[PDB]
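Take a look at this one chain, the form deposited in one PDB entry, written out in structure tokens.
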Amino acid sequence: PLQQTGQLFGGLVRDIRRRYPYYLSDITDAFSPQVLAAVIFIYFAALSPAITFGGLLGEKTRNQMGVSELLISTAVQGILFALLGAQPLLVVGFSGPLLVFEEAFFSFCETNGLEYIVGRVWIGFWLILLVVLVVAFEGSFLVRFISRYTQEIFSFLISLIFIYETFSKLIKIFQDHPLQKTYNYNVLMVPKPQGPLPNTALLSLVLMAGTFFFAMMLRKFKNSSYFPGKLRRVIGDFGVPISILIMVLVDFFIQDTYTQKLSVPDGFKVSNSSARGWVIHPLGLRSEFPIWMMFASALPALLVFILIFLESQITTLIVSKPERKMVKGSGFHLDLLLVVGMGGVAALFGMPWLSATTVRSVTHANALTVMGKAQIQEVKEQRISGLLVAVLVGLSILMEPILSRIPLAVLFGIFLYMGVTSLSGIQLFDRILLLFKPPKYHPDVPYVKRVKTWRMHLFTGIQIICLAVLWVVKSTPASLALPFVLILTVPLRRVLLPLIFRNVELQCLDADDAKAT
């Protein structure tokens, strides 16, 4: 799929030829209880970031883009991608880098007296042009130069960031409601608690820990010799939903203590009816949009394109690894065209452009993974689960009576579960564990049996330095430069590592399919 035909739009055409013949199976393969459990799990995995990022976006953009816009964009783009994409297991949504870019662009527009939403429209117009050219010339074939080295550095960094943010949210809860001898028992509740409340921080900690514990136990149970096999697998398949239900009921039957709940917008309305409508005029809403910015919008478009392209294509690489038993193929050209083009169109309606998100997509693929008797046996590859998730996100505004009873701390436990389980297939994480194991215990794998232990540890340590550098860049104002710093690992693997590692060592340590050279 990463080959270059030399024919215009060839990679795109091949993508359609490869996957669309399976379209009927992409529907009938969804008829299973594992697929419904995955739907319920990924629904929360996708809804919570949408609500949280939409709130942050509204706060940081004066509600020019907010929760409702992000919810509708997620729903519509997810529906379209599930129906038309070549890899329907990707989950399309908002991400932290996109939030950072929206912040930076809003600040720039404020400095220069620009309408931020109109500037976004012009970025979107440039995005559509860029993706059409990249897809026309098969630019997606360059993804073949992103080896397991870069894939795993990126995946491990994203997983660690996910876990770190999950824990930071709990720390914030403790910061808002510290442990004190005395509280103001009469504290204003609306819009949010205006002062510290008793039991809230500890109860949130308990709910998070309990959800995580129940999820991890249910996952252990699905593997185990207990109960009849078919019952154990269905209960194990519905592990995250069962844990969520248990902890939600626990919180429900505790009436007196306050816990923060999920909050969706009142209806399907723009976040700021005073600022903009549903359709944004490219020439301006209140003031005429300057002509120079119509051309200068290409550069922010380049940066947005790079962010989306790298996140989405590395995610596609990870979820489509041969060891994951995906036997339907993915379309790098088609998926990029869909994601970026839908984002460019979404800009016209004041809505976020999106990217295929690594943790959500890996969680979705793992929830559809059926395990052999240890060894992955197959994946329920189909379009229904993603489509249903997108529809549920779209309908979330109507199911407020249900969502208002779900504490965020329960979802914190689920987020921790996602973050820990996303590390499984990463050879970098496996090798990091080997740093704390005596050599005799290192498993029988080619990078153990064909590479000296200290050489393998040196290889891991160089990768760890890359993670440290990337995490440092993430924690600075120049965090939008992260894709370029990540790109620098490709020259590192191809130019510098062979200077210190023999060829056979690199075939063992950076293997496209975990082969012994």
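Residue numbers count along the first chain shown, from 1. First, how it differs from the form deposited in another entry.
The rigid parts compared between these two forms meet at a hinge, and of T52, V134, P198, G96 the residue found there is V134. Rotation of the smaller rigid part against the larger between these two forms, from C-alpha superpositions: 18 degrees.
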Second form
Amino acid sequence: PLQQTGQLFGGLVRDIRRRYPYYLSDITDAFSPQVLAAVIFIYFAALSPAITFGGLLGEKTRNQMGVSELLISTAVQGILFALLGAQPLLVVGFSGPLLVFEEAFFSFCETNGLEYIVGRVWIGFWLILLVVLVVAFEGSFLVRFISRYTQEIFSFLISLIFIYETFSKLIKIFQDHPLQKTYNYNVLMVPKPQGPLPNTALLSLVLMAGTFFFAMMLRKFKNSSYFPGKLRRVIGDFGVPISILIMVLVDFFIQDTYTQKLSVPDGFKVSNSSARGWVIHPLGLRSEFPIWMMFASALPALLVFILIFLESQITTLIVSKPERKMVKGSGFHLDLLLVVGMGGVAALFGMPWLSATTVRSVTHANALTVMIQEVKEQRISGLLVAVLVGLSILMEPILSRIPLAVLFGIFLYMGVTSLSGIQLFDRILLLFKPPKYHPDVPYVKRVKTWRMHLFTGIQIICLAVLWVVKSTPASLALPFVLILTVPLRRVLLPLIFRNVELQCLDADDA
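Now the other one: the form deposited in another entry, given that the block above is the form deposited in one PDB entry.
Partners and other molecules have been left off, which leaves just the chain.
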């Protein structure tokens, strides 16, 4: 599949030919209650990150893009990906890297006095052109260069960003509402409290901690040895939704204290009507968009493409791993083109660009599998999940009751659980464990301990450089510095290390 045919659009046409004949089979292959249960699993698996990321983005962007835009974008793009995608199992949704880039671009626009929502439109135009070119000359083969080194650095950095953002937002909540001897009660809160309030900071902290604790405990219960087993797994799958429900109820029955809630408009309306409308005028909303930025918003498009490409193609090669028995065709070229073109069109509409995310796609595959006898592949479950996510915006009364601290707890849970599968995290943990306790894994046995620690130290240096670039005003360059790790692994590490050490420390498929 990832072979340079040498013909224009060769990969895309090959994938579309591969997957077209199966269409009716996918439509009529669901025909069962297994799909009706996978729909319920993935609806929540997609809604929880959707609302968390929408809340964070609405807070940072001042609701230029928020929960409503994210929900509608996820729904519509999921419908399109279900009808047209080469791999319907892949679930398109806002991810951590996309949020990081969006924060960076919003900060850049604020510093440069530009309209963020219009710079995004121009970035979308450039992304469409870029993907047309990249798919013309097969560039999906570049995913081969993306080694475990860069994937691990990327995932670890995103998890660290999630954790730090959660705790920084909690610190901000405390700063806004400090623990005081006395409060000027009767403060006005039309948009938000104009002064410190009692019990707000501590209650938000308690809500966050409780949501995190309940999610973690249900995760542990999923893998426990309690209850009839099938029910144990059913409850474990519904862990994050149950924790959200529990903490939302706990907050709901405490009526006197104030905690900030999700900002959701009543119906299908933008989060901030005054700031923007449904359609974004490319030339400008309130003021002229600078000409130089129209041409200069191609490096940001390249960085966004780098992020989406890395995430989506890693997901595609994870799902297409032959161990999972992914019968039928999975197309890198078509998936990437569809995802990023839909993202650019959304950017025109003011809605976020999405990327095929690893966790939710893998969970969908696991839900739709049978025993490993086979995997039930359909485009009906994804379509129903997408339409349910779209209708979720209609449920404003429920959503407006959700505290933001609960979503911060879910954010922290997401980061901590994403930390699990990374071998960089395992080696960082081994930095503390004595050598006598080092597991029996290829890189522990076939590499001297101090050389393993040197490898992990170089990875940590790369992480520190990436974080410094995140904090500096040149935040947008972070994807480029991340891609710089590929040359580091393919050029410098061979000088620093021998081939067997790099084989063990960077093995793909383990």
